[PDB]
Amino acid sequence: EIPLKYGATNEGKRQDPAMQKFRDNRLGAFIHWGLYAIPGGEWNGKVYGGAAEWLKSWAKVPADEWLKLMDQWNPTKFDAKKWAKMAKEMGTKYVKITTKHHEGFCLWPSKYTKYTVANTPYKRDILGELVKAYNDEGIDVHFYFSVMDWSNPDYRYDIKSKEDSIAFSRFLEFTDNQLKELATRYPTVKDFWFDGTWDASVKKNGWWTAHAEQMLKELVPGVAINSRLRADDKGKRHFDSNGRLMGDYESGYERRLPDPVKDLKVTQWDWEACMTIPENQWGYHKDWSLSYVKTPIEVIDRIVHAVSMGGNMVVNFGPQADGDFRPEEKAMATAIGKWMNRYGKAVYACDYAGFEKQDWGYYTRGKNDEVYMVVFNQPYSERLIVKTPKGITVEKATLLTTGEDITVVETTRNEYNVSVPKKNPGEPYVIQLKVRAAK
């Protein structure tokens, strides 16, 4: 056992109503919008295949020249009420917004830097408009914040001198100022999701990460803080040197997910995954033909996968420079929305069911011990295998959409065949089980 000043604080999972809400929400959308949307992956006539929001890096653009894009920031089609309506219709319960990405341009008019929305043709507080619009739809808002900042020359990648240490100390104060500003300007915020915390400079300054967490929790009652912020005394990130989770939820599953058989450890803490639609594009990229683009069922599979293992999922969108969404993203949101409207009782407010994974799909467990079978892979056998934990029996099965009764046949002690529906649903579908535990 190691002694630590800046390690974990939470015992197990938070069970206050604010965390229960963060959890129960389950499905969110991510918005990556920044100056990178203007060039859209292309610089000086060359299209780069890397993530469009990192184009400054790929094309080696100096900060002064990158930040001049502010002069073209004029999203005339932007309408926050329309954005919120799109998120509502998708069935998202929350949205995570890039308040500032690595480029350093702020979507709110920060008083601590000139690189903000206020100094663009458009002038308006985008972020404030979004907060208000989403909240009006009953949709929680979470703020993405990049610690790394390519616009501020006090940023350091590592501390190699006393000069570096002085500069970086200023940078942290500047960061604290932006954070307090966001918290006090927009007090309905439910979560801060830190990114760009991987450099040695941050790892060496664990104390600050713990401080940022406590500071924001004092300013916003019940606010959530992601693990990715946090580093301990020894520079160990996410989980401290005694294996304990820092922050309120685990936040490392990015464009990947834990294995449903081998990574059951994740059910012991709250966590959230995020994903892109193309292979690796978060900001708007002009050419989606350059990598594989997921279909709606592929996205829905990942969402349900997350919930089945006790985690949330956040699907990313990268709005155009003009403030509208591309057609592929509108189609996706609409498709997800249709399916969630029909089957979302197996997603919202659900969790890990404690059953052995089977090949047909995923189990989720409801708040009143409902066990849902979410079927993505239809067996030619016409039988869905259900192996129960010790002491649990299956009393009934019901097709969720129609209420029709589904035959259940005991095959062995602790195992059943649940029939497929008489008519093939023709899409991923849900069978609800009634289970009983021995007494």
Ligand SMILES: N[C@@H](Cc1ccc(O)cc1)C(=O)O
Second form
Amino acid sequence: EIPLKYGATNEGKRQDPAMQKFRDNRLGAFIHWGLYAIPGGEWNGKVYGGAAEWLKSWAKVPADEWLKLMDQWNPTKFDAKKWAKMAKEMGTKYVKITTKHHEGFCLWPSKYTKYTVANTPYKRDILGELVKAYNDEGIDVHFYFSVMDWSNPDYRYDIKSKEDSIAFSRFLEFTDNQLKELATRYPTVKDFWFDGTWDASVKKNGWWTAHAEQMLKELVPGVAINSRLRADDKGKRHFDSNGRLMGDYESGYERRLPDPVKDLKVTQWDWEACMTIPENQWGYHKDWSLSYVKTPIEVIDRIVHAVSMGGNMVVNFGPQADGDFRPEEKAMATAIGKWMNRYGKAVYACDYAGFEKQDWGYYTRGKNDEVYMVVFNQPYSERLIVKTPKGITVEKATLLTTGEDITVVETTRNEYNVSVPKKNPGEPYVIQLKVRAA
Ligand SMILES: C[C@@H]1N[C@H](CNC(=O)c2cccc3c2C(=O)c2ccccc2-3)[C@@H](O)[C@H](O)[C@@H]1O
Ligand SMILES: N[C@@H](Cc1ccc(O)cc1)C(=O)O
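Condition change, the form deposited without ligand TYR to the form solved in complex with ligand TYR:
Up next: the whole complex, starting with the chain shown before.
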């Protein structure tokens, strides 16, 4: 056991009502919106294939010239109530919003920098408007915050000199200032999700990551903080030197997921995955034809996969520069919402079931020890194999959307065939199981 001043603060999972709400929510939306939405991946007549929110980097745009995009920031179609309605209809229980991305442009009118929505033609507090509108629909709001900031020259990727140390200290104070500000202006914030924390400068300043977490928890009672922020005394990131999760939940499953057989370790801690609809675009990119674009069922599969392994999933949207959503995103939100309305009982407030993974889909476990079978792959055999842990029996099976009774047949020791339904539900569907221990 290695002694640490700034290692993990939680032992096991938090179970206060704030964390249980964070967990029960399960399905989130991500909003990446900033100046990058104006060029939409194109600069000086070249369309760049990389992620649009990184266009400053791909097109090698100097800060002062990138930040002039502010003179074109005028999202006249923006209506926060309509954004919140689109979220509510999708079934999203929370939204994670880029308060500021790597570019450093702020969606709220910060007093600590001029690179904010206040100094645009639109002028309005986009963030405040969203927080209110989402909250009025019953949707929790989480703040994405990039520590790395391309707009502040005091930022340093590493500390290799007295000059570096002096500058980066000014940068941490500035960061501190923005964080206190966000927490005090928007006290309904439920989470801060730090990103752009990978540089050696943050690793050397692990003390600060611990301070930021503690500062925010005092200012916002119950607030969640992600593991990405954190490094310990030894410079060890995410999980401390004693193997313990730092922050409140693990956050490294970005555009990927743990394996349902090999990675059951993730069930021991809270965690949240995120994903894009195209292969790798968070902010608005004008041309989605340049990579593969996931269909709604492919996205739902990923959502259910996360919940089946005790994790949340956050699906990204990159709104247009005019304040509206592209057609592909509207279609996606609508399709997810249609599905969650019918089958969300197997997602919201659900968790890892402890059953061996089967080919037809995923198990999830409800608050009242219900076990849901979520079927993505329909067997031609008309039989869904269920292997139970030792000492566990299956008693009933019911179609979730029709109440229709479902045959259960014992096939061997600890194994059942659960019949499918008489009519193919025709999309991924859900069977609830009653189970009994010894
Ligand atoms: C949500 C997205 N986060 C990006 C930065 N993070 C990464 O690209 C990333 C991708 C996969 C895994 C990780 C990361 C990442 O930083 C990170 C830190 C610690 C553990 C795992 C990861 C940003 O660069 C993107 O613009 C977008 O905001
Ligand atoms: N573990 C529960 C039974 C159970 C097991 C797995 C489940 O997915 C649900 C319920 C008990 O001790 O009674």
